[PDB]
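Quick setup: one chain, the form solved without this ligand, written in structure tokens, and binding and motion questions come after.
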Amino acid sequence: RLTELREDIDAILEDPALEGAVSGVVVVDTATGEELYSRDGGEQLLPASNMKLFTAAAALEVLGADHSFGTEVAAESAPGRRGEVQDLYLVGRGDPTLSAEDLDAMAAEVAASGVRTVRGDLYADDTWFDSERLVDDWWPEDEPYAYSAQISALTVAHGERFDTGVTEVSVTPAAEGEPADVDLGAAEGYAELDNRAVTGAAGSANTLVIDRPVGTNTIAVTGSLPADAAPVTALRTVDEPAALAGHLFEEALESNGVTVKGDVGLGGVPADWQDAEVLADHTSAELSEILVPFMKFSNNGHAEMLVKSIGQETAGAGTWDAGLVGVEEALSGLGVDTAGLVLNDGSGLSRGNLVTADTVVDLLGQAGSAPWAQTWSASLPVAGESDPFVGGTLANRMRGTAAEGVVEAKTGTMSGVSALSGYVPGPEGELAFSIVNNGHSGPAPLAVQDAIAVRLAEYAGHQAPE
């Protein structure tokens, strides 16, 4: 059987979709520790989102499944007679799941706390992390999109997938000839809008485009949306995720009967205050829970926020430099050889990252036996599973095959980069694998990755459903 498996993979790797592409492929039997297959396992390649694997493991080691994040509201001293206060500070400490609901819940506490007026200014404190919003080598052209959202300690998360630093932009068609109707979602009143979009005739081509011009906090909409066209929605990042959290909290307070006479702005709690009053606070779910949405949908904001949290825990510094070193350290304490590893960021978006298929499998074996093995493997996306929170970025892959609901693996794709690394649980042996492709020029070789994952699932003792 073994010999057949090897030949089969060699054949699959013969796909023309992998021309001019270096591919690191490693397969190992977790149980026996046997090396079922290996090709360029020591070759340094860009891992794309697969990099999140290393960040996720590091997070469990340094923060732990138990870990959770907090958000506070503080005044110099509690309110009194007329229930007034001067400056109010919204302090974020890395919660990547802070919803607008959470903010409203807090706006309520501040009110129940006896506050009716914020005579001073309302400040958003995100100093828990540095202000380095984007990784040095991230392409500025990717900035308008969610996966490239600015990183901040205080940031609001959209939806149940917790997309940070973004706002939801909607474009609804009007009558042919009339301007299209644009809604900026949360960023309303915060970001500037330049709506040049127009309703085209019914049946006309949809040429609409939503964008945030680099270096601005403006949502520019151009193009034409046909009248008979279904309203469009999109996620666009904003500048200074904190200034937005402050804006929404500003609106949350007002909604909870608390007036704010000042202005919303960035700024940390004076430190001059020996006993600031904590009018309100929120605590997120534990890391083990937050891991799911992070890994299932591959959330870059979460990965980066995690690195800096690790930087805070290991060195008291929400910095990529600190966190990254902390990640590399943690991986070592886990028994992983970080020799051919190069960490430039936590999400894998950075072209500066480098790993080797061997290192990945290495991290898979170790992680597989660590105390948090369960919560860990449970965050990985499962092959061909409709439910988004289970299938993740693999919901629409390998369906109706031996891998369906069997292969647990992290995906990762960029131009010329693609990877699929994970586990293949089975009666014929517990398998760990890694596939990293760099160099291909057409689309990502996802069918090749699947083909291999499906053959492995079979080798592990699984049959396609009928």
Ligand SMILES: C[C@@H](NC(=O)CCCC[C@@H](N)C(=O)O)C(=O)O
Second form
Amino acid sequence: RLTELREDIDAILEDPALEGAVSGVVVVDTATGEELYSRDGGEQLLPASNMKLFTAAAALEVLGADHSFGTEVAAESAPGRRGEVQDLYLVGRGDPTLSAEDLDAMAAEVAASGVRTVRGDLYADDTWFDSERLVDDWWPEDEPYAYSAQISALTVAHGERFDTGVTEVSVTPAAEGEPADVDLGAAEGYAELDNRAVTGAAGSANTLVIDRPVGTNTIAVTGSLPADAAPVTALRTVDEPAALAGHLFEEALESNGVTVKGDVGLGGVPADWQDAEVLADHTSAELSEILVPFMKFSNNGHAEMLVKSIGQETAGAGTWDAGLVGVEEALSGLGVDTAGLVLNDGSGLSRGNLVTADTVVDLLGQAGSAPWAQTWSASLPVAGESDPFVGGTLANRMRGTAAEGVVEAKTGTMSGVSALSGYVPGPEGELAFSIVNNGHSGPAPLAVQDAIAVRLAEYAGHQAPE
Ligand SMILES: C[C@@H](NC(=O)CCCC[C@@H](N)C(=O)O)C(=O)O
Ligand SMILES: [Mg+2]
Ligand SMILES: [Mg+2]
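Show the form deposited with this ligand bound, please, the one above being the form solved without this ligand.
Now the full complex is given, and it begins with the chain already shown.
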């Protein structure tokens, strides 16, 4: 019965979609320790977002599942009888889920505490982490997109999925011949606009491109939008996430009866301040609840921000150098053999990262018996589930198969690299698996990945729903 399972995974791995590719495939039973299958298990490969598994376990060991993140507004002293302050500071401490609403409610607290004129300048303080925005070997041409957002301690998160350091751009058509309407979203009055886009005839071709040219803070739009087209939206990153958070915070202050008379910029609390007055503050949800949008949708910003938060807890340094050692140590203290690991970031966007399929499975076994095991496995995408917040990146995969609603696994796809790793819980034993593909030269081999997980689910004692 175990001899036939091997013949089918051998046959699945023959597919022409794996032409010139190296693939690590390892399957293990969690109750016994029986290695049911092993192919190139100790070979070093790139993981893409499967590197988030390692990060997320280390964030729970170091910071704990009870951990939350704070944000504050500070002045040198309280406001007077006239209700005047000088300079104000908005100070961030690594919150990956700070919304525009959250800023509005802090701007109400500021007015409630007796302020009605900010006499000086307003400063944004992100000095809880270093000001290294991107990783060394990330590619400059990817910088306009939400997954390559710059890293900061003061960052504003968009929408219910909490995409940091970005703004939503909207393009609406007018009459044929007239320029199209571009909205910059939150970054209105912060980022610059370069609108070169026109409206085309009804039924003409959509040729619209939205860019942020490298080393600028400009949204550049070109092409035609047909008069009969549904309007277009796109998330785009900005330069200095903290300066935007600043810009968005004085708008909130102004909307709330507090007047800012000076300028807005970056800067930290002067230190010659002996007793700063805290006029407003906010507290995030706990890390266990934050792990859900993070792991279900594969958030890169969250992972890089959590690394730098590990550097603070272990060393007092908000840095990739220090946090990456913290990840490595915490993984060891849990029992993982980290001989084959090369750690260059938390998200897995770096092509400097290397894992092995034996290492991922080792992690999945150790995380299975850790005190925080249920909050860990809840964050992982479930196969074939409609609900975005239950299915995540596996929402439209393995539906109508024996794996629907059963297989819990993390994904990770890039040019030349793709991976699926997680749990197959069932009555015939709870399984752990890792599939890692490198070197393929077409579409990512997602159906080969699906095919194995489905076959393992039938082996674990499941059937396709009807
Ligand atoms: C998970 C995240 N995207 C990525 O990691 C996509 C990485 C693309 C890198 C690109 N230079 C390439 O090589 O194709 C996202 O879609 O949010
Ligand atoms: Mg604005
Ligand atoms: Mg089932």
